[PDB]
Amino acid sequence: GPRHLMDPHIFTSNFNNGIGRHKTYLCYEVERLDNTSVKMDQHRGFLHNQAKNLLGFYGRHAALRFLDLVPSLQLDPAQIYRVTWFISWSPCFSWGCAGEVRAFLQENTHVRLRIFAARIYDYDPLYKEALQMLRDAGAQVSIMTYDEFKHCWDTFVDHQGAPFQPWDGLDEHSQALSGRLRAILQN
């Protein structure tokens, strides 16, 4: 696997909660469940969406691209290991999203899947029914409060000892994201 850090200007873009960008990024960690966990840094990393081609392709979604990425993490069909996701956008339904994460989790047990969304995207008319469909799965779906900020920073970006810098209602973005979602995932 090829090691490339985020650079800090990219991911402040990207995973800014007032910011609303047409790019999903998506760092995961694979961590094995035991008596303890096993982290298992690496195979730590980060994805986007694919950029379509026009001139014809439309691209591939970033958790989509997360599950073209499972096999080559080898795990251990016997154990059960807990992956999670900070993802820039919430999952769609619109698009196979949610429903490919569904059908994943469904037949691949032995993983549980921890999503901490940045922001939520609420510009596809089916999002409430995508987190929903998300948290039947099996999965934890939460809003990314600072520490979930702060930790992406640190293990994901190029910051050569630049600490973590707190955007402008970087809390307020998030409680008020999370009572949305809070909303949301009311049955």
Contents of the next structure:
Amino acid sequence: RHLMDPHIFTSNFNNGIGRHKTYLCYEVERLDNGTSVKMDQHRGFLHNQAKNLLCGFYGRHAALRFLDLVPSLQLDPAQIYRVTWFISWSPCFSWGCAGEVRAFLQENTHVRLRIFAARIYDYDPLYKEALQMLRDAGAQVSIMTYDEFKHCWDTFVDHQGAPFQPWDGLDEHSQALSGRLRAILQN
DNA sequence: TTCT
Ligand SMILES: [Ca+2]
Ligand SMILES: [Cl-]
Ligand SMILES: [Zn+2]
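Form solved in complex with the DNA structure, per the form deposited without the DNA context:
Now the full complex is given, and it begins with the chain already shown.
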């Protein structure tokens, strides 16, 4: 119920405009006797801790800051939950995050993970290996489409009554990215 | 204007 600023959302989740930051919206649902129950109190968003060598802050990618906060969610380890991420950059490999998320999932088997990425972080030369590894660890790895952008707008942004207005090129970029990811996950 |  801490809501994201409209301009922060549109300037970070635009799937044609890269930024030097990462934002991550998350939601948790519990699977019970077949159907799924939304746990609206476990909803939130965060961004990465920025690098700042000067001030001796080393910097922490958004995905690991989500892992940081899981204990506070107080999940029942006998139950099974689906955690959904809407992340403005896909997770990296070379800084260790994909592997850390895999280790978290192996240990925390009560969490299943669904990732929708706005953009592919191919700045990481080994970004393909992060995506395949997350898939191999049991996560759903997907590209955000209109439905997820609107859902994040409706759910996480302080819109004040304004309906989601898709930017130019939202569908074209989502489709192109969905094509690249599918090819990556075919292998 | 790619977790600067
Ligand atoms: Ca959805
Ligand atoms: Cl990452
Ligand atoms: Zn990372």
